[PDB]
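S.K.: This is what each chain is made of:
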Amino acid sequence: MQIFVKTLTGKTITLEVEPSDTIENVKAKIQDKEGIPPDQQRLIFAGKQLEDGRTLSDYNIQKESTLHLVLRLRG
Amino acid sequence: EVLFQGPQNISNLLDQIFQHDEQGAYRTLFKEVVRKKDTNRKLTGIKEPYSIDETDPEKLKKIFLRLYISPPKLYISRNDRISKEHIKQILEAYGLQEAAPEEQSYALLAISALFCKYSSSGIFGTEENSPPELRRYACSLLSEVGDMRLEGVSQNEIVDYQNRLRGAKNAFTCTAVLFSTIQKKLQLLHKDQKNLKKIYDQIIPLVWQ
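Protein chains in written order, with PDB author numbering: chain D, 1 to 75; chain C, 632 to 679, 687 to 847.
Among the hints, a few may not be true.
Examples of chain C residues lying across from chain D (beta carbon under 8 Å, computed) [unchecked claim]:
#, residue
1, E679
2, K699
3, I701
4, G805
Keep in mind the hints are simulated off the structure, nothing from the lab. We treat Cβ as the ideally placed atom computed from N, Cα and C, and that holds for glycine.
Make a model of the complete structure from these sequences and hints.
M.R.: Encoded structure:
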């Protein structure tokens, strides 16, 4: 199924995923597309930070859902 | 003259960095904030009160894009390089076009520190978030410092600073602390060098010294 990952800078990233995929798997797919190291990625859905180890289905993330990406860069 | 030229010095630098800010509001903001110890106006585009604008991240990406040799990616890379022309411009802004390499390299470290401060929790960043284009600019200036070399700063220290700015695994990313660290380095380096102390006082805003 397709999901979308919206960046802060305007780009929307399209991914092909399965409901059984882990958040880490999704971060690795973002790395494939954009080069961003998984350890720097913060993924957000419905105002919640998504945790590595949990699955898309765990967060009831369905087809055509939109996630948001923030880089872990502290001021 | 150092007192009278303070505002003109920072303004001249920011006119170069923000030359592609056609609307001009970020250029003005970066100049005005240097009178302040801190500000509630944050450029992270992230709601977390702070004055937030969700368009800040895209607009900053667009303003800084042309300063690089190749268009940067979303993440910060030690292979992101500022154009040699823009390096010349920012040095010319301070009358250092033909100064010694040791003075030019010190100036670039100071400008890097300045962007660490801009990106930090007291200025345009928060405890947990920080505008990536400000960090990217500081990181890429450090690549120039590393190539020119600077007495009192090792290549390992440069890479450490870059790893923190870029968010490398196992690096403490906080730019408020990184600014303090680079500031202490710049101070140690100008302790017995009046020429370097002059460059420091041209670049670092009074309120942030």
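S.K.: Going back to the hint list, which numbers does this structure go against?
M.R.: Going through the list in order, the structure violates hints 1 and 3 and respects the others.
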